[PDB]
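Given the structure of chain A, go ahead and fit chain A' with the ligands onto it with the hints provided.
Now for the letters of each chain:
There are 2 protein chains.
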Amino acid sequence: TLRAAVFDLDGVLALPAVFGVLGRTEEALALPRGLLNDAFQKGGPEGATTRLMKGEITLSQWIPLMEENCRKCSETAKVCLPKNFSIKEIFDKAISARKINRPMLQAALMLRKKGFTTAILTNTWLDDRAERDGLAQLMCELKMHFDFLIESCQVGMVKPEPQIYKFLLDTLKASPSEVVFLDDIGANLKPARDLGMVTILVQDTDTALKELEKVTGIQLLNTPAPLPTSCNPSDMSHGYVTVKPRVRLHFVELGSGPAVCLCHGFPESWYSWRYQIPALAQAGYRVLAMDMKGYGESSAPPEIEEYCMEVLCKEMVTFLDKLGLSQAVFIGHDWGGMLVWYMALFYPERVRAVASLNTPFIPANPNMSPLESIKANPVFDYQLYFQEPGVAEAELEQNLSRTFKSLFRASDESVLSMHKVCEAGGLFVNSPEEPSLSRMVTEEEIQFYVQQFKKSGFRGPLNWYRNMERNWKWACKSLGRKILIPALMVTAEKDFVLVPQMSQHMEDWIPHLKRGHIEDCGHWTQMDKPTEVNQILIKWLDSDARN
Amino acid sequence: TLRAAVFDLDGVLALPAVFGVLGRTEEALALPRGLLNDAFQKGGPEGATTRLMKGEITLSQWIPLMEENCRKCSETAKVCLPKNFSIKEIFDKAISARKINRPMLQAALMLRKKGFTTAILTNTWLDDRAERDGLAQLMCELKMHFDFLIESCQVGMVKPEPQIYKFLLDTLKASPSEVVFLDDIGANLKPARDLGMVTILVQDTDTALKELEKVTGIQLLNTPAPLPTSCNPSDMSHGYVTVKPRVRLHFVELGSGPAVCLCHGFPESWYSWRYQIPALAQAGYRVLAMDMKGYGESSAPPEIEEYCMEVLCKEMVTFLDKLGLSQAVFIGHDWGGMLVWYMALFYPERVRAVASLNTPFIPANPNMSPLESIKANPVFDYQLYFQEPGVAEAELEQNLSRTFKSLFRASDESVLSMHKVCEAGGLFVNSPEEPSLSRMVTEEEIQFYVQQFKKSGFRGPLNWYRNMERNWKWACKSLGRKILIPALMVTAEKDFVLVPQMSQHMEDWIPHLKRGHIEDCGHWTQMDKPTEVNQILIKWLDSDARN
Ligand SMILES: O=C1COc2ccc(Cl)cc2N1
Ligand SMILES: O=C1COc2ccc(Cl)cc2N1
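Line order of the protein sequences matches chains A and A'. A prime marks a further copy of an entry chain. Going by the authors' numbering, the final residue of the first sequence carries number 548, and the count climbs one at a time with no gaps. Going by the authors' numbering, the final residue of the second sequence carries number 548, and the count climbs one at a time with no gaps.
Okay, chain A solo, but in the shape it has when bound:
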């Protein structure tokens, strides 16, 4: 029985193959057939290319040797090469043109998801070209999805030498009959077959995947649309900044480029952005996913006033100051979305662009107390239940697993009616003791939230709701302002609390506002519809937030 899958890089996990460019250059330049492919393999195991593939020399050192071989080949075939011909130019274009073969990667992901050990086995070089970063980025994206990456130039062994295959089996800790090996070069496939490994000669992806499905007994082709890459908490870079004596902010950091600061809602975590973090970083941004004050590994002081918008915003500005960031794009959801609109209103010089999921921007009413305003809308009754210190803490902290299982549910699975919460006497009064697991979350993801909330509980998080008057007085100072920096409002069709309709007057205050809308999406936007969230954010970031 198979339990390991090995993939080549060129012509298998990445397309078009670099080998095919030598043939394509011959055809485009009307050179004798196989002239370039011949100079490429010149000397065989003792030639320049084998030395390159074993790591003896670098790609930049190999370029002049390939050039000499091209001259030697043209001399024998009694032909000439053009006076503008460049091996460097040919390879720069070929490497840049080569992209990940998405259905092949999806097949490897599916096999690993079922318990397979996956590995990339590749004949590659030490790239010291001025444009080497492109290949580095490609290898970085691919490698994270595999258990092992074995590169010829690093191991000093090359395909088809039999030692690289014995090395492969040793790293896999598996016998050959347990291994599937996919390669586009038949000669490189031969030693694996000789050892008794299942082999697949890859020409077109579709046929290779049909062969792969048949031999593994796992559906890999025509399979449903997969979820974006998630985060494993133990594999992230964790950052810690002291914003003041008793307050430290924790964040997870991934990627390079313009800083994008992700701000979660209630009662969440940096982990609520698990599907956005790898996508945004891959898109060319430096992601900073916060544990907001009161949550996870960030400090949770008990005082109500430590959680008013004015102090929370001041602390986020201090956070940028301590990291040495003059700006960041601010993206928020729920309470994080409210924070992000206030960052834009009070600190525009520090906000590259602002985006909110679900939370609209509604200017404070100076002629009405914030308490009356909340009372006017039946769906905001849960906010009134949250006012009395200790009451919601007790119910929310009683059973953490039940708390997150009851709250985190999709539109068609709801267990909590947020109207008449005070009258009923709690959020979970007509809720089961052992709620069913939502389709949006695994049991493991629920337990992460459970473990995070074991540290500080719900006091700090509930305090975000306990500053209605303080926030209202501060917000009233901004009533003459308009938001004129780049802004995105993302509405969720089925969020019955933060309804899309509540955002309808936003262009009165944000005239240049851009919009996104997600159908069949509840309140937990990021995990309800991750693919569409990622699509909307990446499109808006690339157009309005730079790169």
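You may find that some hints are simply not true.
Copies of the same chain look alike in the list, so a pair counts if it works inside one copy or between any two.
With a cut-off of at most 30 Å between alpha-carbon atoms, the simulated DSSO-like pairs for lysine-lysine come out as follows [stated by the list, open to error]:
1. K167 - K474
2. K478 - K455
3. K323 - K455
4. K174 - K474
5. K167 - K315
6. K456 - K323
7. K483 - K191
Because the hints were derived from the structure by calculation, they are not lab data.
Leaving out everything else, chain A' with the ligands in the frame of chain A:
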């Protein structure tokens, strides 16, 4: 007696003043004198500018109101404005032209260094212009050097209103007679004087500083060249990455832009880069200053082999993978400099550029054992003493304060002869029990190193020297390669171990190598000559490593 100094921003800490541009535009456009300055102050306390300065409206909202006032002013003076005239263009250029007044900042730094509480008090606006980042960067650089920053648009009060002065005194927790106030606008200086504050009308900086010196009794003018900004450990962003089960790497992070990974030597810390971190970040780079494996808050496993170059380099590649960085520029010193040359040789695709302080690149000799090579040079005797497990640990761990005080010394202060260390029986055998404090370090900086080394001691750090054979075998695999990515070699005239002369053949292997050289500089390069290190690195980074 004075104990507080307050500085205005425009015309005081930053020059040329924005006010002077209104007058300059009038002269350049041959408009009636004071026409623009008149439209600017139109309406006085009820006018558009006061609303802007109090935070009622943003700068982008103010621009059309200033334009209308310019029209109203030209109508009264019976003149016309050009058909290309733009308030936005005038202010964009003025703000961009305004830079920190370096001698004024140096005076504030000196006063704060002597125990003064310092503050910036400024009439400013909420900047939402597309080019607002420039001003944000300027405010970021300035604010870090002061105890308080009070901005009119944030406090809703403006100079010369008397409430902003009472607010200033309340934040300072000081009586007026204890306060010096520097302003370039006499009217704004008046209420401070009325309260009994010492005031200085700033026209030219030099005269203002002579007045400041006279009144404080502290030398501020003609003073020696100050050291670059250092780091306060508790004010940094601290990052943590697990590179494998028992190994976590700690780093300090500051700034935005291309990633610059700083790699210290033996027996050091991320803190050895304290003078480079703020300079490199201010220069437009994202700095990652490592605690190398075996040091500070990074893991320190006991096994010798955990510290061979091959594993250390693999872990640094994993560190970039986990942070989502396809590349970083690698800058190393001593053991860090050796690590950085091997990163360039084995992982060029991940190395944007490479720089070494003191450590030259010398290819391994395949015809001689590394032990014989070390024996051939008398200055490398300390390396032989470091070979036996437990011996150097005992001497180095016996008294930490004595250890760092004896090692960290400038060229003219040395207490340790590194020849005949084994024969003598240790590094500190002819060394005092209570060494004098070097001019390079404060007692506080020594105690930071003492506290860091209390965690793991010297076993992990000493193990970097215990892999001579392993490193030699690995290095021999790279003997056919050349370093062809951008490289900088920085030599220190007076380092008697890593002598400048040992780097003389480096262009045989790094043909495009760039160089830096520091005279009257010992082994502890970064702290011996921080100003010159910063100058050399920033110049090479800007020319060869991007931005
Ligand atoms: O379904 C929803 C929508 O709005 C909400 C708002 C707040 C909280 Cl705590 C939960 C939900 N759940
Ligand atoms: O003065 C010096 C120069 O070289 C050195 C090399 C290693 C160590 Cl641990 C100390 C020093 N000190």
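Checked against the structure, which of the hints given earlier come out wrong? Result: hints 2 and 7 break, sorted rising.
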